[PDB]
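Visitor: Using the hints, position chains B, C, D, E, F, G and H with the ligands against chain A.
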Amino acid sequence: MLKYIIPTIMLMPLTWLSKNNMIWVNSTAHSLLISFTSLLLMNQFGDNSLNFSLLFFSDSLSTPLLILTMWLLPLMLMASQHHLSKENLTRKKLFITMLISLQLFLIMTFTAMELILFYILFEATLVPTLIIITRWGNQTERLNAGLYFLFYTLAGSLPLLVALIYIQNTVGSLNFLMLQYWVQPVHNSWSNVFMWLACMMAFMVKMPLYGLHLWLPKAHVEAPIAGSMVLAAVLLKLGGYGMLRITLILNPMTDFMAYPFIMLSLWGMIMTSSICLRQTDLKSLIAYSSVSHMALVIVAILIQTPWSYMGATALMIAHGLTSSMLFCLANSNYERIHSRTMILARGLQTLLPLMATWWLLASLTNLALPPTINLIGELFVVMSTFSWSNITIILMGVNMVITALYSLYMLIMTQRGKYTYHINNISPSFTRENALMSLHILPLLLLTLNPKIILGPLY
Amino acid sequence: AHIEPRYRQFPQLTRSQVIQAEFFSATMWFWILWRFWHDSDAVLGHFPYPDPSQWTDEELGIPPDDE
Amino acid sequence: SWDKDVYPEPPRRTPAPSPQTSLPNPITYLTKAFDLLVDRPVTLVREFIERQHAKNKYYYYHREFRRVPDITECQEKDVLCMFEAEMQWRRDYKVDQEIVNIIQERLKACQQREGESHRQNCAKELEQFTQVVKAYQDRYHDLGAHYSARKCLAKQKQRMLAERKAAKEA
Amino acid sequence: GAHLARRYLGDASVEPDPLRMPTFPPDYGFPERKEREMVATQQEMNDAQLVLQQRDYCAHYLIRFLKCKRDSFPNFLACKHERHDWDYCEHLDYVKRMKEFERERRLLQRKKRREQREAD
Amino acid sequence: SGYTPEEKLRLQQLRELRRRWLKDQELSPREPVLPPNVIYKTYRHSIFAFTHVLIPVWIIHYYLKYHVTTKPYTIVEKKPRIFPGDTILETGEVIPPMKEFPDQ
Amino acid sequence: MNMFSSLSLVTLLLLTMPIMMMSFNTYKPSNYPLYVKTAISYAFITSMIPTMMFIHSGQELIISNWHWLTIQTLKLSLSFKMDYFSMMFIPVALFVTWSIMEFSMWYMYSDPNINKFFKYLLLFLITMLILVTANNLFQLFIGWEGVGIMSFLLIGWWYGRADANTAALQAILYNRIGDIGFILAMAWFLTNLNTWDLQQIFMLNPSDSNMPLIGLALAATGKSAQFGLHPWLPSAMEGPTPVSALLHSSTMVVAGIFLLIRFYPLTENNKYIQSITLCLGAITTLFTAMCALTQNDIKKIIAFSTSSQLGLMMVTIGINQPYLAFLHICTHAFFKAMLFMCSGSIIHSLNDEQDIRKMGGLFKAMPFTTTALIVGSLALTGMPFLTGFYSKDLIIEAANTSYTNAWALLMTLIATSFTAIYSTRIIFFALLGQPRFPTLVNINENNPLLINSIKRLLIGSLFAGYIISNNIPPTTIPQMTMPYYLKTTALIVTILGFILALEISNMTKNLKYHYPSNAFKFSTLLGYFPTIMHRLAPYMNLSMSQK
Amino acid sequence: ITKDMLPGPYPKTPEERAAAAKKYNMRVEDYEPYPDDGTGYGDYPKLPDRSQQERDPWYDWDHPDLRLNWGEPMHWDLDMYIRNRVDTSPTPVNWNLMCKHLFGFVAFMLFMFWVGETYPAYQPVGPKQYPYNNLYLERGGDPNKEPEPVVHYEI
Amino acid sequence: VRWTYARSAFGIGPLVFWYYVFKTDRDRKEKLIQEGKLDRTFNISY
Ligand SMILES: CCCCCCCCCCCCO[C@@H]1O[C@H](CO)[C@@H](O[C@H]2O[C@H](CO)[C@@H](O)[C@H](O)[C@H]2O)[C@H](O)[C@H]1O
Ligand SMILES: CCCCCCCCCCCCO[C@@H]1O[C@H](CO)[C@@H](O[C@H]2O[C@H](CO)[C@@H](O)[C@H](O)[C@H]2O)[C@H](O)[C@H]1O
Ligand SMILES: CCCCCCCCCCCCO[C@@H]1O[C@H](CO)[C@@H](O[C@H]2O[C@H](CO)[C@@H](O)[C@H](O)[C@H]2O)[C@H](O)[C@H]1O
Ligand SMILES: *C(=O)CCCCCCCCCCCCC
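Chains as they are written, first to last, in the UniProt record's numbering: chain A, 1 to 459; chain B, 41 to 107; chain C, 4 to 173; chain D, 2 to 121; chain E, 2 to 37, 59 to 126; chain F, 1 to 547; chain G, 32 to 186; chain H, 66 to 74, 93 to 129.
Worth flagging that the hints you see were computed from the coordinates, not collected in a lab. Treat the hints loosely; a few may be bogus.
Unchecked claim - In silico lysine to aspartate or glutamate, EDC-like type, Cα no more than 20 Å apart, as pairs: (1) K112(D) to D79(B); (2) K97(D) to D105(B); (3) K112(D) to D18(D); (4) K154(C) to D47(A); (5) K93(E) to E53(C); (6) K100(E) to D18(D); (7) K87(E) to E50(C); (8) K97(D) to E99(B); (9) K120(H) to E12(C); (10) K101(E) to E12(C); (11) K35(D) to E185(G).
Said to hold, decoys possible - From the derived model, a few chain H residues whose C-beta atoms are all more than 12 Å from chain C: (12) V66; (13) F93; (14) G94; (15) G96; (16) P97; (17) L98; (18) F100; (19) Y102; (20) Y103; (21) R111; (22) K120; (23) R123; (24) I127; (25) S128; (26) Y129.
Note that beta-carbon positions come from the ideal geometry of N, C-alpha and C, so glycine has one too.
Bound conformation, chain A alone:
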């Protein structure tokens, strides 16, 4: 993994040593080259994973998440440079440096063998994240509202640290390869119930789980576009990636300890989709859309069948590209009207014809139109949870109806109908914006031709 760590670090000298007017050109060009070389990680095997060294490994789960992470850095740079153009030069380089350091922690996080090494990096990603959201965020409101920092660290980060420390004492190691052979069953015990919650609550909050999700809409309304892109696309998948790994050592206690979280996810899947129908803020609508989609991933991970793990991996990648594109589409409107209200500017298809095509494609993938990988992932989770209990088809089906409703409602409200009379500064879509959208959707649709490389290790 040093062939990706070292070039990523070298983006920092490159950014600080570029000519003043070349910082965006230089970093975007070279970060796209790192993204190109990330495709060499797809040297996967049917039986073994790609174990590079004592610290890092890659398997079919982390590999697609790594490629998505490395793809997103150039896209974030393209999306950020317009609104940072009035920023002074030293602050543009610090902003770029935060994004590079965020990628450095993410690629290391997804490949760490040792779960304690994963924990330190899994938390180090918050330092660049909060700095980006707060220092370049919209308002004076605190994303780390204090209550959320306390609840998360007390009920999430700290219990996970103690559980991991406890596990290594008992097992003698937290290397994930070792945990595959030395795993022992978890018997019923009040102490074991608390180990289970400790091992899972941190990832539940980051997913987020329904009932622990109110932080996510607040963060999106405050974050800059790059913040929303990384947060939606990857940072939520850190919780999903963590659960897919740590559930190896939690059986068979997950057989019953998962019921409350499945209930929260199955019900919260419908409650958050319905909320999307009465959202007045695009960024909030997309944020609640992510909660609904990540409810499927939690259910898939907790019932742990081969089909649900394949569906979970596909869902995480598909949502990453789709939710990121939706935030970029909303941001482009915001950069003209300077408001997140969804009802303010209407009938935009009349004024921006091609951008309306990007909107339609983003909405069709969001509502899981076949054969997009959005549906492939969602169908697999639906197929698996039907076996878990046939009644779930009712809740899964109803959510499919509602998801189509708010996806097209968002498309209809903003793109169709009569345009707003007094808004007279809607300039034609820039090449930068059109290319930003097409770099989201083309890879998303091309993956329909070869879905196996996003189906994870269970494939």
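Guide: For chains B, C, D, E, F, G and H with the ligands alone, coordinates are given in the frame of chain A:
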């Protein structure tokens, strides 16, 4: 505009549309009469329908009332 | 092209044309038009390509995996022996998925081939599909997403205990 | 038909039950019936790939019609005689079913007549 | 119940401008200033059949004959119907007739 | 098989070529609509060659050409089932689409986005042919949702109109409710069997098929707009008239019926599902026919005519006659697509007037439109030996002589009579009488695109039923022995419907003052299903969201 | 926007009620808050629960598709009352009568279908007969076994 | 602005309900599988 609009009057027609409308109206009636002549059974009935009250006890194998 | 024994097909019986109408058969004429405008030009192009291929002849091979001890022979917590047995079990699991796929493809090919008589003429294919699916279910069903040779063996021993017990009951 | 008014409004005791009839021995009342003879062998229908519902006691006339239909193409008007033989052979079968229903009804009346001849 | 004298005057003044504006939407003769019989129907159709039928079937036939049909069970025919009195091409077999039908 | 299979795929591949050429390959936006019509016309010719081979010797194939994905023991491939139903439906749909596209070349002439309109019709056709030829459930799902989205994009064509956006989103809502049944079948077939292939499903032939078949009945209920999920089809009239012609004939609405026909080997042996689809169809066929009696919008009447005929198709499925249900899909596509093209011809002449109360006196003013409308109306109402008679007549005979629900049979016969009433209603108010339209007369049907497009469907509406019914092979034993009063029931109630409708129409001329009735308001307002359901259901959901 | 032109806490005193009424461009007699409870509406006006389809379509609205003027207070549930969603326009038939006729129609048809199952229609014919033991072998029956024979006789 | 400011500024019951619906179903299903009374003849995908 080879057909001028008129005010409060019957529109100007062409011969081509009137002749074609009549040819296909007359085709429909020729077809219905031609088929009815040759396939009248399809409308009235292909085969006779027996009256079961006529079948004798011998052929239905009904034993005499005292057997 | 493929192996006829693995993917069997019965001998084809096509009845001879026995026309009883003076009208020309437009299908036979379109067949000649196809055999002339489409097949022959296509065949010429392919034959040229296959000539280039014959000039350059190189070979690829089907990888062979020597057998190693199973998980039943590994020492507890001996990862070095558990690793090789675990990889071997995964390879066999992947192969067994494709053995079931071959049997399903036979069943589906049979149904289409037999037309309206498939219920009687595909009973052998149905029986074979039934037994293979049963054997696959016995091995690998209900192991979970975190399956392994160890959990496969635990399932087997549990099944072996139930079989052994019902023998006493008999 | 009138038979439905009889069974639902009138006396259902002397009306054949469609889902269970015949309820009397086939020989009863018949000094030695003949069995129905099937012309088409069982392999012939299998080769012809007849639909199972079509593999009844008329299949030989359908096997003939399907052969002529293939052999007269393009002429899709070339098999009216083969088609009519199959249609007629099916009509005769339908009439035979109509006799069984009447036979079952007549007998159910004979039973009733004899049951109430006794108690009298 | 009609227009007040100011209402009529405002309407008249907006009529002049509105009608002048619409007259100004008409295009000049030069505008837009752009930058720099059976055979015909047969050629258009003949070239269409070649590009949109012949080439596609050449590619499809090549694909099916040499790439699809060379893999097992990719194109599965329904077996032809055999009727009594047929002659099998592959073997020369002769399917026997059916029994003599009873009169009908 | 080399010619059969090659020509089977070139038809599909050919229809996608105008889509690929949109990437500026010799692009000639001068006449893209003409290019699309030509591709359909050539696609019709090539599709007729496999059809002849099937007609000849019953040849059928499966083409599983591309292996897409394997999920352990579930291999997914791009597989096309080129069988009885695909053979015969594809030429009909291509023939009908060819006429609708030539008609659209005239109807949509002034639309600035003419090219985009024709691209959407082509995609709308492609997703239907993915549906019909699909050989596994996943590929069937791609087409199933494909038509749904194109329905949304074409119903909401005029996107500045809020009513158009509301009808487009209504179609999606009602159709995705039906898709719960589709995924339920997919989940059941994957779990209880181990396949989404139709071949392995029929080979295993489960008896405990209530759950997967209730899922398919629900999926067909929404897509083909049976009672319960039906209001969206009338609402879909917001789209341009050429959209309604395709929607109501050779694409979306018959997909629900087509799905149940595909699975007849399962519905054969399930008397419970047969009883559900019989009753489900029977109420639909009557209820929608009753609604059409009092409608005044010409597009609404024809839209309810479709729901009533789709109800009759669902009845045919429920009396265990799937091959007659298919024959009705084929025949119905001819005269129903024509009726929409005749309404559009009238609507266009009268400057976008769709209310029959503002029509009248068109019998001579529009002679060729009148001829096609009369032929179309007679074909719809089962006039002997026209295209509609070869399916409707046999369906009523087969329903009469089956072991059937008695109430469903009576409701099916009354709906047949009502068909003659609203068909008369269109002829009486649109063509007869004195003109009731504005004083500046722009009536002009003299356009070769309009004449030729309607003429081809008129020829189909005369001979298509006879030609098809004489070429398809027997798959059932048609029941031809039956009493006279059951044999002639369909014709008799059709004739009494015509007689009973003349009296009602003529009383509109008496100088008597009407009096509204509870029955009249019930039929006019569509039984109040939209007014109650479309207000109450959104209210409960939307108010629930905020709190 | 300043903080004094924004929604605030529930108004207690008539002086405040005046201040909020002015804040919302409403007259004092028209203004009324929502009931003071945990719902958290604040001092936002409670406006008539009507859809935008009831507003004069001919008036020259600033937002013609929403039929809203600029500066006019927006109903709380406005996004639920846009012309694409809930409509409250007066109906030609009273709401309660509509529900009784619709439910009465569905109730009467469902009952009648149940009766139709109880008393099915059928023709006066015996069962269809099939050869070879009711097609025992064709229906996939086991050929190692022998079926108890079914015999059909001529009538 | 005032509208979107105010807007942007039952409960456990359904969760308890759904818990008993699914928990009961999966207990009935689990019992049948151990008694061999549940048909899974061809079920090998999960
Ligand atoms: C899209 C563009 C992508 C560009 C990059 C990928 C293209 C690379 C193509 C190189 C392929 C060469 O593949 C190579 O072909 C030669 C043909 O003699 C073979 O060569 C070998 O084969 C046989 C015997 O083994 C002999 O004919 C030959 O003397 C020997 O050297 C190699 O065993 C094979 O590996
Ligand atoms: C799967 C592989 C498929 C390989 C296909 C290879 C491409 C072969 C096509 C090359 C020629 C395509 O030509 C493309 O279609 C027709 C051809 O007449 C043209 O269209 C032309 O004919 C139509 C009617 O026939 C007219 O309406 C149009 O005005 C005229 O320009 C398109 O403007 C052109 O862009
Ligand atoms: C194909 C055959 C179809 C036949 C369908 C027949 C069943 C449908 C019945 C719908 C009407 C039911 O009517 C039921 O009684 C009356 C009106 O009838 C209504 O109640 C009221 O209606 C009207 C108006 O106020 C009054 O004249 C009536 O006296 C009063 O009872 C009930 O609210 C309704 O429940
Ligand atoms: C006799 O021939 C039976 C078949 C003919 C049609 C029967 C008509 C049924 C009358 C309606 C009864 C409704 C009971 C719910």
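Visitor: Look at each hint and say if it fits the structure.
Guide: Hints versus structure:
1. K112(D) to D79(B): violated, 46 Å
2. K97(D) to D105(B): At roughly 24 Å apart (the allowed maximum being 20 Å), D105(B) and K97(D) break the hint.
3. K112(D) to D18(D): With Cα atoms ~15 Å apart, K112(D) and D18(D) stay inside 20 Å; holds.
4. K154(C) to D47(A): holds, 16 Å
5. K93(E) to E53(C): This hinted pair holds, its Cα atoms lying about 18 Å apart.
6. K100(E) to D18(D): Between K100(E) and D18(D) the Cα gap is close to 42 Å, so the pair fails against 20 Å, i.e. violated.
7. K87(E) to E50(C): holds, 13 Å
8. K97(D) to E99(B): It holds: about 11 Å lies between the C-alpha atoms, which stays within 20 Å.
9. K120(H) to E12(C): violated, 37 Å
10. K101(E) to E12(C): Holds: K101(E) and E12(C) sit about 11 Å apart, inside 20 Å.
11. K35(D) to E185(G): Roughly 6 Å between the alpha carbons, so the hint for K35(D) and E185(G) holds.
12. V66: holds, 49 Å
13. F93: holds, 34 Å
14. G94: holds, 33 Å
15. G96: holds, 32 Å
16. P97: holds, 28 Å
17. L98: Correct as stated: the minimum Cβ-Cβ distance to chain C is 25 Å, above 12 Å.
18. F100: Given a closest Cβ separation of 28 Å, the condition holds.
19. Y102: Fine: 22 Å to the nearest Cβ keeps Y102(H) off the interface.
20. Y103: Nearest chain C Cβ is 25 Å from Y103(H), so the label holds.
21. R111: Non-interface label on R111(H) holds, nearest chain C Cβ at 17 Å vs cutoff 12 Å.
22. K120: holds, 15 Å
23. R123: violated, 7 Å
24. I127: Not fine: 5 Å to the nearest Cβ puts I127(H) too close to chain C.
25. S128: Check fails; 9 Å does not lie beyond 12 Å.
26. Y129: violated, 7 Å
Hint compliance for this structure: hints 1, 2, 6, 9, 23, 24, 25, 26 are broken, all remaining hints hold.
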